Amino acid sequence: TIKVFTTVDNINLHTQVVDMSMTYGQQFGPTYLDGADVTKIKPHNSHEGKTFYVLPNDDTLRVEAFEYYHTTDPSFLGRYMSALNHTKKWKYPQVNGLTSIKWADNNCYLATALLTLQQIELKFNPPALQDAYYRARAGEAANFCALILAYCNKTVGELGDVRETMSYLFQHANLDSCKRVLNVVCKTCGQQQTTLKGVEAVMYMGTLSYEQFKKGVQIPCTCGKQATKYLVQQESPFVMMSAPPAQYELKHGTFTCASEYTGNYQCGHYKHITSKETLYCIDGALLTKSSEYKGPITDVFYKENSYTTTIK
C-alpha cells in the first residue's frame, strides 16, 4: 500500500491509498502521469507521492473539473493528455522576445496563434487557460498548446486554421465589454444600424484593412443590390481583420501582427509577421528582418481602445 495524490486540476489535491496488485484503472479509472496513461499500469515504488490526473468519478472531482476547465465533456481530459504527450516534446525557442514553437506535427498554425496571443490583450475565462497562458508567456508553453488543441477539438498533426483557432479561443475569453456598431446604407432600403458584442465585435471576414472597414465595404443587401457597410463605433482592445489569402503589403507601424499563409487550401504553411522597430518574420524557430513586406496575408491584427467615426 502506497500513498499517492489524485487530482483534476493540480490545485485541489486528494490523498488516496493504492494497492500494487491492482492497476490504476481498477482503483481510480483512467489515470495519467505527465501525459502517460497508467490505466493499464500497476503501481510501482517510483509511483509514490506523485500527483496523478484522473477522470472525474465523484461529484467533488466533477465540480473541480468544471471550475478549472469550464467544461463537463468527459473526453476533454483524455484529448488533453493525448496532446500534452506531444507538446511536451516540442521546442519553444525565444524569438525576438516572443515564445515560438520549433516546427513539428504541422504546428505552424499553433505557433502563429501563440505568437499573436502574446501581442494582444486577452483574459481567458477558464482558470486552466489563463494559468497556462501566463506560463506560456514565461516560456513554458507546452500545457497551453495542449489546452488549445483540446478546446478546439483538434488533434496533434491535424491541419489547423489560425482564424478558426483564434475564434475558438475568443469564445473562452472575456470579451463582453467589446462592442462594434455598424451601419449599412442601401439606396432603396435606406440605412440600418446593427450592434455586435463579444467575439463578433473583434473579428471580421472579408477585408484585411482596418482602414477600409472604416471607409466602408460593399456588402449585398436584402433587396439584392450592393450596399455599403462601414464601422461606426468600436470599443475593444484589438480587432482581427481576416480575408482569404491574397497578396498584401505590410507597412511598419500600421499594424500589430499578421498571419501569412502559403500553399494549397488546408495543406500549406503559416508564418508570423510582427511590427517591431522593423518588420520581423517568425517561421517557427527562424527569424528574418526586413523593412517592407509583401506576401499572402490572411489575418491582420490591429490595436484599438475606443473609436467613433466622423461620417454622418
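Positions refer to the first chain, counted from 1. Just so we're on the same page, rigid core means the largest C-alpha set that superposes within 1.5 Å between forms. Compared with the form deposited in another entry:
- The residue among 26, 51, 247, 278 whose Cα moves by 2 angstroms or more between these two forms, once the core is superposed, is 26.
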The other form holds:
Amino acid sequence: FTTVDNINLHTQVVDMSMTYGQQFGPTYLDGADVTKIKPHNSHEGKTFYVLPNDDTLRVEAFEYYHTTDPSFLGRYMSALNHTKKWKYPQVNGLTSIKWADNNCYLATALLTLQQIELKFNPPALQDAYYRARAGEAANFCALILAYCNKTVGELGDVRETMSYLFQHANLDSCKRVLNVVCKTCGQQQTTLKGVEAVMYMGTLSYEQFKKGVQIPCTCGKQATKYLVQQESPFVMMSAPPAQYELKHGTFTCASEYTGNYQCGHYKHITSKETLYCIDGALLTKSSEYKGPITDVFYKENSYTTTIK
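Switch from the form deposited in one PDB entry to the form deposited in another entry and give that structure.
Here we give the lone chain, stripped of any partners or molecules.
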C-alpha cells in the first residue's frame, strides 16, 4: 500500500507488474528514497510513503503532522534516512543519542523532553515521542528536524528547537503574570498565556526572577521585572551561555554549551541523587557543577508571589 502517515494505507499500488520507474510521485520504502527505481519482486505488500499530492492525502497528512507545507514530508524522509542510522542508548533510563552530525542539540532536546510535562498536538509527534521515550527515537528526531526546518548535520540551538516544538504542544492553560516597577513611571503589569508564559530569555535563575531582575524601562531608565504569578507544569529560563553553578535539587535539568559560534558543543545536565552530565552516549556524575549554561528547566505547578 501507499501512505503519508502509516496509519492510513491506500493500495493504489502496481503490486504485480509496474516497471515505469516509480511513477507514483516521489516514493520511499522504509525511508530510503526509491523514486527513481522499478519494483523488486519481494515488494508486493510492503508499505511505501509518497508525497501528499491529491486532495485526499493532503488532508490526512495535515491531520497527522499539523502542516500542509509540501516540502515537509520530503524533508522528513530525507532526515529519517540518516537518523535511522544513529544509535540511541538509554542513559540512566533516558533515551539519548550517540554523537553524529552535530546532533548534540537534538540529544539535549530529546533528553529534556523526557523530563518535562508536555502533550504534543500533532498525532505524529505523540506517536514518535512515545517510541523515542521507549528507546527507538529515529522518527522523533527526523520529525523534529522537519518541524524546525533544519537538515541533518546543520548546527542547532536548543532554545530555538524547544521553541518550535512548543508551538505544537498544548500549553494554553499556561499563564504568567509579571510586574515591572519603574521609579518614575510606576508599575506595569503583564499577563502572558501559552508558549511565552513558559519561556524567559535573559536570566537562568528562577529564584532571581521571583526576587526581581533589573531591566531597562521603556523610558530608558532603571526598572525591576518580577514574577507575580506562574501556572504551568514547568518553566524554561535561558540566557547567552555563561559560567553558572547548578546546585542539586534546585532545577530539573539544564543545557550547557561550550565552544563558540562556528564550533561548539551542547551537553545536558540533570539533578537527581547526584548531578548527571549526559553528553550523547557518555555519562558522568559529580556533586558540584559549574560550567557555561544556556538553558535551565524547572518543575512548576502554580506559584504566586508574596511581594506587597
